[PDB]
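Could you have a look at this structure, given as structure tokens, before my questions?
== subunit A ==
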Amino acid sequence: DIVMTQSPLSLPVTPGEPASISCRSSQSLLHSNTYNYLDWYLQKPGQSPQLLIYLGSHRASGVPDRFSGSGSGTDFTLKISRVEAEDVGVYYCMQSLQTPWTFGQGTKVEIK
Partner candidate 1 sequence: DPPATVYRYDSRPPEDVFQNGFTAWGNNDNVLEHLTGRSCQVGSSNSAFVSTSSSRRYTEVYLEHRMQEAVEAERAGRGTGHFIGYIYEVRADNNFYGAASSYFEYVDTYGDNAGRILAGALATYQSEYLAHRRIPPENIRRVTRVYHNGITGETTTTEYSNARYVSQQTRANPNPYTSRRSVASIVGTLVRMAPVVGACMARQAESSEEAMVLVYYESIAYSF
Partner candidate 2 sequence: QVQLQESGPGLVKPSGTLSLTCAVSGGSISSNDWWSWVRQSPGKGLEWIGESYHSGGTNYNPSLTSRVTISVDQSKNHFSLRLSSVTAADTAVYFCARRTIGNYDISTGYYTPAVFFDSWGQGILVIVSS
Partner candidate 3 sequence: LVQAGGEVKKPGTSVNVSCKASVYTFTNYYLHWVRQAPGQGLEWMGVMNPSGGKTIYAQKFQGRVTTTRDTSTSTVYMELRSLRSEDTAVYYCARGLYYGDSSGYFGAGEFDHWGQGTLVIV
Partner candidate 4 sequence: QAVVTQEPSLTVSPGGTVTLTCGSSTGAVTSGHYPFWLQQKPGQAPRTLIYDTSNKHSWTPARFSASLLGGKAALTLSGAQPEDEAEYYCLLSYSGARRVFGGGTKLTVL
């Protein structure tokens, strides 16, 4: 099965930054096209994963350029430069290679 750490311990931060951090996805592919073919998915409470993008060449497609999701080699990162009060947190497993809907590991930090 897909056993990938979709939620890291991370560290706290004030408003305007990620409460979560990069989580080591086992299914993180270092694609030949230099883009981690993965979507930024948030499986935290209050909303299921939202795969805003595909093929993971840059920040989430059709959304603000602040956020980002990409998983390569042995580590994935659903934490990016800036994020709103509650839009960010626990990550999930969502990719443009395959789409197995698997429950997230689960990890959240206190929100200011």
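Candidates were picked such that all candidates are chains of the complex that A comes from, given by their letters.
Definition applied: a contact is a pair of C-beta atoms (placed from the backbone, for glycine too) under 8 Å apart; a residue touches a chain by one contact, two chains touch by 3 or more; residues count from 1.
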All of 1, 2, 3 or 4 belong to the same complex as subunit A; which of them touches it? 2
So in the complex, which bits of subunit A are touching candidate 2? 39, 42-43, 45-55, 57-63, 92, 96, 101-104, 106
